[PDB]
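Please read through the structure below; I'll follow up with questions.
For this view, one protein chain was removed and the others were kept in their places.
In order of appearance the chains are A and B, and numbering begins at 1 in each one.
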Amino acid sequence: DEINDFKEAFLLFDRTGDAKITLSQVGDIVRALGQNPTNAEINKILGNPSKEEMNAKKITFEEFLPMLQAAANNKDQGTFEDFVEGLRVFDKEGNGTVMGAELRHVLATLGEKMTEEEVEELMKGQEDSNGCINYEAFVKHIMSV
Amino acid sequence: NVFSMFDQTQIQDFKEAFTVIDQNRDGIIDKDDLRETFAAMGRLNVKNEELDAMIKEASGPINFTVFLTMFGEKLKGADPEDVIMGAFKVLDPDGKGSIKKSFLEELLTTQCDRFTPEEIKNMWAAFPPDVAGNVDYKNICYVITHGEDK
Partner (left out) sequence: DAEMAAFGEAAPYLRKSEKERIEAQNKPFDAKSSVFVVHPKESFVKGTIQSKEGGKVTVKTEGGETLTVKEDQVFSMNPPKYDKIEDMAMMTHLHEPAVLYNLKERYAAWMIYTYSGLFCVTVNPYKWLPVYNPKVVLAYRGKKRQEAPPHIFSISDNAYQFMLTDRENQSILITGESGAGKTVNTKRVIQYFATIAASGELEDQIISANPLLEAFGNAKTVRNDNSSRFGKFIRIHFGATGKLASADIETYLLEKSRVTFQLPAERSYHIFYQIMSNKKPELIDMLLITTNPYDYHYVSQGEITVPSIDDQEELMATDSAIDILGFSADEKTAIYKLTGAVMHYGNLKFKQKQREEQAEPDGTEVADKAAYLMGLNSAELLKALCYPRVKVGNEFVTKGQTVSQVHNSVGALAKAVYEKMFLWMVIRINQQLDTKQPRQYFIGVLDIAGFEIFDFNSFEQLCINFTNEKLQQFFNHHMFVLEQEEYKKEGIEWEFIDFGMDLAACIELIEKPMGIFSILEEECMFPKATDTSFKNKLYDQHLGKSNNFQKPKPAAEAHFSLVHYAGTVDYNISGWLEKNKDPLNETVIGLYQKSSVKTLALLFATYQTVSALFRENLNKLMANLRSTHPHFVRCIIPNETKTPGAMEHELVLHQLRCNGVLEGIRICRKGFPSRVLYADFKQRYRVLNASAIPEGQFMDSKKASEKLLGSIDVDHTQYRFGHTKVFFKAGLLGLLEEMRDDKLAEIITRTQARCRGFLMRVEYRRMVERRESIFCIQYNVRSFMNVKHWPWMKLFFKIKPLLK
C-alpha cells in the first residue's frame, strides 16, 4: 500500500495510545478515509474471520492500509445518478417531495438498518415544520462531506 | 516554556504580588519579608524550617526575575482563565450549560496515550460536586486560576 496522512489519522482513533486499533473500529475508520463501504461488504472479507481480521486489522497500520485499499477498488459506486432518483420513487407528487415518517422508518427498519439516533442525526434541521422533505437537497447535503 | 504562554497581565499580577511580599521595598524578598507578610495575613505560628523551605527552592537572591522563573517553572502547562474556558466552550459547542461526566471521562482517556484513570478519579474528587452537577467548567476554571476554596 501507499500515501502518508492516513497513518497520522490512525493514531487519532487509537483511544488507548497503543497504535493498535480494533477489528470493529475497522469498519468505521474506512468510512472517513475518502470513500463509502457497506456493512455486509466489510463483514464479507477479512471481517467474517474473527481471528484472522484480529490478526489482519485489529492491529497496527500494516493491515489497516491493505484492507482500506481493498475497499478503494469497489468505490466507483459513489456515482450519484441512481441516488436522487431512488429517493423520488418513495414520495413522487410534483417536486422532489418526501415525508419525514417514510424516510425515518425506511432507513431504520430496512436492509442494513440504522439506529433511530443516527437517522434523527441525518435529519439535522433539513425537515422543518412542513412534514415534507425536499429530496434533491438531501442527496447534496449527504454527499457534501 | 515559562516565558512563552505568560502574558503582560499575568506578569503584572506577579509583580504586584512580589511588591506586597517585598516588605522592605529593596527589590529582593527574604526571610524577614516572608515572616511579616504571613503575620499581616494573620499567620503568627511560622517556624524557620517552613520559611527556609520556601527560600531553598531558588539558587540565588529571590529578585523579580528569579521569582518569575521559579513560579513559571511550576506552571509550565498553565494558561490564563479565559483561554481554559475556550477549550470547554469548544466541548460545549451548542453553548451555555456545561458538560457531563462520561463524555469527558472518555475524551481525556481516549485519543492520545493517557490521561490516566488514577488522574481522572483525583479530578472528580478535586473538581467536585462541580464535575458531578454541571461538570461546572466555569467553576473548574475559577478554582485553577483563583485557588481551591473559592
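As a working rule, a residue touches a chain if its C-beta (ideal position, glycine included) is under 8 Å from a C-beta of that chain, and two chains touch if they have at least 3 such contacts.
Participant: Just one of A:19, A:106 or A:137 touches the chain that is missing; which is it?
Facilitator: A:106
Participant: Which of these, B:11, B:28 or B:70, touches the one chain of the complex that we don't see?
Facilitator: Spelled out, the listed residue whose C-beta touches the missing chain is B:70.
Participant: Have a look at B:11, B:28 or B:84 and name the one touching the chain we're not showing.
Facilitator: With B:11, B:28 or B:84 as choices, the missing chain is touched by B:84.
Participant: Extract the touching residues of chain B with respect to the undisplayed chain.
Facilitator: 13-14, 16-17, 20-21, 37, 41, 50, 53-54, 57, 70-71, 74-79, 83-84, 86-88, 90-91, 107-108, 111-112, 115, 119, 122-123, 126-127, 143-144, 146-148
Participant: In terms of residues, what is the contact footprint of the unshown chain on chain A?
Facilitator: 9, 12-13, 28, 31-32, 35-40, 77, 82-83, 85-87, 89, 92, 106-107, 110-114, 118, 121-122, 142-145
In this section, only the chains that are shown with their structure count from here on.
Participant: For chain A and chain B, let me know how many angstrom lie between their CA-based centres, rounded off.
Facilitator: A distance of 45 Å separates the two centres.
Participant: Touching chain B in the complex: which residues of chain A?
Facilitator: Residues 12-17.
Participant: Which positions of chain B touch chain A when the two form their complex?
Facilitator: Counting only chain B, the residues touching chain A are 109-114.
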